[PDB]
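J.: Chain residues, written in single-letter form:
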Amino acid sequence: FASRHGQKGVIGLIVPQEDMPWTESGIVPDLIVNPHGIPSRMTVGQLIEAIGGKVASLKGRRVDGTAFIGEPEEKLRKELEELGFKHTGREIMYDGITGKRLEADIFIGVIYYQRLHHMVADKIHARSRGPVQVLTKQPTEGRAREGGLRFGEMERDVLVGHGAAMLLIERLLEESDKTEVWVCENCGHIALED
Amino acid sequence: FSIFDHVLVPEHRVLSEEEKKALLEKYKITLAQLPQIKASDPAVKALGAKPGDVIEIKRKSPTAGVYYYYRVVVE
Amino acid sequence: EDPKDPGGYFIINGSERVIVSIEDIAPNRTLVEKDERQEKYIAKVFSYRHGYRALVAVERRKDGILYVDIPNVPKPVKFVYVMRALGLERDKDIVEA
Amino acid sequence: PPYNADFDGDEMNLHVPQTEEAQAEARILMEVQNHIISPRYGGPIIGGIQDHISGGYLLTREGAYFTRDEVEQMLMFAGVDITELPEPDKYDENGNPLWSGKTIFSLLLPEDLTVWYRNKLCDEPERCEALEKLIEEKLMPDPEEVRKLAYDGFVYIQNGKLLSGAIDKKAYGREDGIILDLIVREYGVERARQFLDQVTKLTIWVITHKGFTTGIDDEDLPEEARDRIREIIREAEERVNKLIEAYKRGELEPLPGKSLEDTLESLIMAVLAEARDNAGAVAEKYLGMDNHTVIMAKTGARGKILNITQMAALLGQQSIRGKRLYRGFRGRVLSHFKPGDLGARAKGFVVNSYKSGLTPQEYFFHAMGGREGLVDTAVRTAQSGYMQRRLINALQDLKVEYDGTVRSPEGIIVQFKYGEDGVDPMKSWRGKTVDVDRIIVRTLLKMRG
Amino acid sequence: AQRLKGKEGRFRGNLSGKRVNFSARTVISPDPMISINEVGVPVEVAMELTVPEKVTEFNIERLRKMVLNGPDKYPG
Amino acid sequence: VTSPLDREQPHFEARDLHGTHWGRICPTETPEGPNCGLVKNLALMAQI
Amino acid sequence: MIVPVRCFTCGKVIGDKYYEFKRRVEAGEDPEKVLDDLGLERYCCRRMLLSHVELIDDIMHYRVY
Amino acid sequence: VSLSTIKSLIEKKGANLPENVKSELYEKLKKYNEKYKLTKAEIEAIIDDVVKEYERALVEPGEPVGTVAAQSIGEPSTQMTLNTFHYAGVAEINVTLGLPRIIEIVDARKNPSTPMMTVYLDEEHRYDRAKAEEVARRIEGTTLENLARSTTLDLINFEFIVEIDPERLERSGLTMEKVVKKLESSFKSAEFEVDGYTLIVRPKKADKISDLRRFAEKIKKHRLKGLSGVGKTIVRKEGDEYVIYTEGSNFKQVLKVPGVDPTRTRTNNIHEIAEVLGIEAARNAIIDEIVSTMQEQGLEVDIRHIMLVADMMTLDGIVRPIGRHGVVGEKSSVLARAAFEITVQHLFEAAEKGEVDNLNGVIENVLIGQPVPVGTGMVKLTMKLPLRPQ
Amino acid sequence: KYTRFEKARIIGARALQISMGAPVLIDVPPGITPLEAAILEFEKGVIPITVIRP
Amino acid sequence: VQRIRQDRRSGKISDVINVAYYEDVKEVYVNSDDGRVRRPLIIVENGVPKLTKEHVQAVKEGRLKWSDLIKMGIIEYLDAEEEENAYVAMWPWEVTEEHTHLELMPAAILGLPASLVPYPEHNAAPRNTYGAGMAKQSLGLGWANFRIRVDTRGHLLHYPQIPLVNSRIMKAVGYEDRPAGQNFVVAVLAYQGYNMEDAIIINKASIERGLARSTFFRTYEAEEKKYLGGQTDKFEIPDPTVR
Ligand SMILES: [Mg+2]
Ligand SMILES: [Zn+2]
Ligand SMILES: [Zn+2]
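Chains as they are written, first to last, in UniProt numbering: chain A, 876 to 1069; chain B, 7 to 81; chain C, 147 to 243; chain D, 456 to 904; chain E, 305 to 380; chain F, 439 to 486; chain G, 1 to 65; chain H, 2 to 391; chain I, 3 to 56; chain J, 536 to 778.
The shape of chain A in the complex, shown without the other chains:
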């Protein structure tokens, strides 16, 4: 899920409704986001849109958010106070588990969010044995044809750096390709088995 201010993420947990905290005015959040990404990302526009959405939904008409001529922040803050809420956009909530109000006032608003086409149902992929390519006799490529994941040379260097020789040989021979050949030690050439 991603907002239009560049903030993106994945669903980490699905919470039952009675566990979610509720504002003392009767609002239950549809979504909860971490307050930690906001200062680093420096997306103040999302914080302004949060106020603007609730102001629009409370006054009954949409709010213009044009680039350089949209409704200023100070107008929205005063209008929110006019409607009976606090100008900071902070409301008192009660904890959904212990049933008692949180110590700090919580910023809550309405934000436009978009569902992206990167769904886990299309990304999950696992290969037990699968088929193999004709030439190199190695696992195929891609989810569509039961392919195997690429084990890059950087991974091999990581394995070497850990010193795991037997893990490396296991990953590199049995799982991908291995065979037995006849070698004539007299001349080194590969012998023929009839």
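Any given hint could be a false lead.
Restricting the straight-line Cα-Cα distance to at most 30 Å, the calculated cross-link-like pairs of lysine-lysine (BS3-like) are [what the hints assert, rightly or not]:
1) D:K713 with H:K179
2) I:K3 with B:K32
3) A:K961 with D:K810
4) E:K358 with E:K377
5) H:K179 with H:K205
6) H:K209 with C:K208
7) A:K934 with G:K17
8) H:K222 with C:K186
9) H:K36 with D:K603
10) D:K793 with D:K778
11) H:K332 with B:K44
12) D:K616 with H:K29
13) C:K208 with H:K206
Read the hints as simulated data drawn from the structure, not as lab findings.
Fit chains B, C, D, E, F, G, H, I and J with the ligands to the known structure of chain A by using the hints.
T.: For chains B, C, D, E, F, G, H, I and J with the ligands alone, coordinates are given in the frame of chain A:
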């Protein structure tokens, strides 16, 4: 002015036969398996050495106060 | 069809193909740059006729002598020489041109 | 942190070893708790991040107190095998008992740990100096004497009892972790794993049930601060204009080795950087410790002071490749300025903050600034990858022999003692071959006890 | 000459690295309730990947129970 | 609007946002990876 | 594509009130007064009626059998 | 206890410790004993604890330190910047930094992009500002075109004409008659007319239509005074000692200039230190350069990996690059070199020479599919067969 | 005494021996896997494999 | 250049002609070729814009169109060459005698997806770029024709909604008729450890009531090829005999 007074240049000295053989025995190495120093190196000129000789270098590394590095002279 | 569809694309074997716009250098433009590697000054033009492109350049090397580069020419020819090849052989004509 | 992963769409692969020897290698060599200390610099790589540090600060800050139910629930949630609560720290009105955050946090530390240092929250060096003097005069101070001089900027632990200071990125954050670094070395990997799990869960519970948020009013500066910032900006702009006027009549002093134009540019940039720093100086001083954004920034959990001074006070100069913006029309960046204008505003100086909004010219200059960072990362990744591949192919097959020497596969000796002291950087005490001070101090406190 | 050169060539594409069996790939999500040395695995992946195990005198009953569970119950 | 250059090279001069781009090319809508700065989109005021 | 039956957050049924709101707001009556008349106090419900767009009417023209 | 007893105890049972460790332990024990009275048993226990920590901190045999060092250098390289600072600040000279500097050092470029030297004055002129300026004047070098306020290629009479600037004179205490004297000493049959902030040159060949400009530039480019290659110089104070930074580089000549402290002068060109001071000084310079470059970016990297890289590069008595024309190119294994770059050329060259690959490395063994000789791949095991259960 | 490489190698050899049919030298809880059986034998000190060092 | 400008504004010559002069080199450039990128601007004459209030009224009432404004000499297109000689003011209230043109709408310098972000000047540029890029990946009722479309892949959001805070450009461009998202009641709070490092937490009841519920489409294709020599494929139930 000699290069040995510079802070970047450690102290070089020539190993005679006895310590050369002892060093070669303690690491179980032939003379060809040592780090090489050119006969055209300024330190080789200043100290005075011939090809096939072994130079002991006392380094002043930060990890260990004194560390001994050995190089074989080659033209 | 959807009335909101803007059009402006092609349908080839049932697939929708759209041609993006390439951003080229303006044709028949004399652009001057510094060849500091060989300490020269170069002017470049891209002459177009019937789609064909020809990169023609005139340069001044360290010697102060002008040389002209022409497509399908192995080494740059003398500027006065190639101008002479186009008639206008009079030296005063060169100086006035 | 070891995986450099964030949950914004990242995908990570999983492999299953198929043979018993491979499983044994993975189990013994590659366990996560084995690699708490990074081999690059001998410091922790696994540690608390973001909410862990923030919750630790909330728990261990001065004035924090908790009730019976909160203490029991948080201890049960953390997984601590406690069966009897300690003595209450203070009694609330109506007779309710209260427990301080220090007492609760002390139940996770090993019973005999002792350490003291200075954290990132140090702001009044006299307070820390007094505590250092008290500890130095006698290596075992009286706890009831330390608690009178307790200050959030100086962490001090006595026999597992946290007596002063507050949790910070220096406590168990990966870069500056000390408690975790001491535990992993003095008690083995398993105790460190247990400690890490318990502290993470405890801090998560604290931050969940205390409430932690940021809002649009976190950058609401008072009017006097805005007036001061505008004064600073106007003074800087006037200085730049005076410099340009002096330059235009040949009265400027040419700085050594530089062209006159370059001297003018360098002086202008110095003035503008000084102006932005001066604005940030008051922007920081007017936002106190009670602001959640300031808490997030000062403790090192997320962000830094530059983000705050950009959001609240001033964006400052925008530049590409270390020089002011010049890639526009002839003699001007945008057609909305007169040609030949060298003023600060006309070359990229943005006087607004993200909160107050950017005028279109400032917005265009900011986009110009951001594009350089985007392309810089894009090219730098490939260049670093190629250089690392060359290094890997160069140094792949070197190893430590049984005699201690590092030898090429052809038998050539590269080093007669690995690292010239023989100490593995991962096992080193932060680069140092051995930490003499820590050993002496811990031995003395052990025996003097 | 083309087969033996490049990132997709033999030496760097099929010798120094290759595609492997018994591997899975999916997105990650946070979970603070598990220990640092543990990873949460989907039940769909767990029933697809297998770990060959030999029958011994100390694990016969568990393997027998799993064989009885078949390839559809989770511990099968 | 797509530049015909090679993506792999740095091309620091070509990927930069020129001052004349005002009102002719969007300053923000650009790809993320190696195509950053080489693929661009016309602004709304643009006319060809 | 059609008006949802209940508000996503609280669950109050607001599926029947969309057409009434649209008609009254078109007639000229103040949208906030219309919403308050309908009994939608919490703004979670008011958002659902204010931001909804009717899109069933322009997809009905294409049929698949 | 007495300090002599402590010193004897440290060398008695802590004899295995590195020298810096034995000295640091003595210093710390001496410092602590006066503040807190230490007993004999406490000293013995402290020494035993230090020895135990050193024993448990040693490297495990079979550790693949090379790959770890390569990764510990490569990984921070994704965090460094490219644009550096590009600021002058009067007292500083612009030089390449960040990732390009590291690439330059590792590749051991023959001539760096921004050569720079740090010149330390001898005890004389070291602390005096004016005397340091005089020494810089001795070091600093210039040509004729720099001194020119303006230049006139007069064509009516075909004479070179130069307009002279007072500031270029006063930068060094140089005066016009000195410039004229060097002009007359370094060339013959040229006018070199002496005029107030003006000089005219008109030999017989330049007097005609063909040989004015070409000889004019040759005259214009001549140096009258100063060390060759040192374009600029800047003086600033570090601590209580003044030092000199220079544009360009000529390490050979600076060590002979009077007033310079030759025991402490450095240059950022590795191939100069190698030729002037030897291979070990080049190794130390490489280590210091890498340490400073990575430190300026705020990144923390342990010195040991840098020591490994430096020792690997400075191994054959020269300063080889890390790459195709260096350490990788010196590898004996054919397959190890082939897998890196230019595979076909290496394969055909090996076919010509009849080279033999002994599969002694890691890459070749991985290619074959047999255990590598690192980590657990070098351990050998034995057991006594008649095992009876208990 | 033991390097972690030696410990890993010894445990890997013991686990493979146990899986191939070698008897366990110590009593183990039922249902355990051969790798855990080898690890148990190890920390209990009953190891019949020794390491060669030059 | 003044003579040509007068004819171009009056209507004597085509509007595609652009003229600029360079004083230093004494050169005059006339451009009439194909492929130049231009922007419209209001002509400012003697410190007074040529656009008047009654012109705006006529445009609003539908009496006067944009092409008429072009032909009336009120608005002209400027390419890069001609803009070198211009001096454009940003806002009507900052126009003076020096200015030669007036900006129509500064907010329109952004691209089409970039116009979606509300209050874009309050975000850092990289974040705006990420948002503009991601705006092209979200689900929604892309086209009303989707049911009979034969695209390889497709999506359909069940309950798309109009953004409550939006730019007036999006209504003009027709985006509001085809929205691609929904309005969420969002609370900024560290609810647990399950939302750290940019993870988000969502309510179960709202999901069960039809929040962000979507449908995925995929089209398969099968040809009954006719080979050389008369052999051909056939649609049928495969008999057990066939290999
Ligand atoms: Mg990510
Ligand atoms: Zn044979
Ligand atoms: Zn509702």
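J.: Now look at each hint and say whether the structure bears it out.
T.: Going through the hints against the structure:
| no. | hint | verdict |
| --- | --- | --- |
| 1 | D:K713 with H:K179 | holds (26 Å) |
| 2 | I:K3 with B:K32 | holds (23 Å) |
| 3 | A:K961 with D:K810 | holds (19 Å) |
| 4 | E:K358 with E:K377 | holds (21 Å) |
| 5 | H:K179 with H:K205 | holds (24 Å) |
| 6 | H:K209 with C:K208 | holds (21 Å) |
| 7 | A:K934 with G:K17 | holds (18 Å) |
| 8 | H:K222 with C:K186 | holds (19 Å) |
| 9 | H:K36 with D:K603 | holds (25 Å) |
| 10 | D:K793 with D:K778 | holds (20 Å) |
| 11 | H:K332 with B:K44 | holds (20 Å) |
| 12 | D:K616 with H:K29 | holds (27 Å) |
| 13 | C:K208 with H:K206 | holds (21 Å) |
Consistency with the previously given hints is maintained throughout, with no hint failing.
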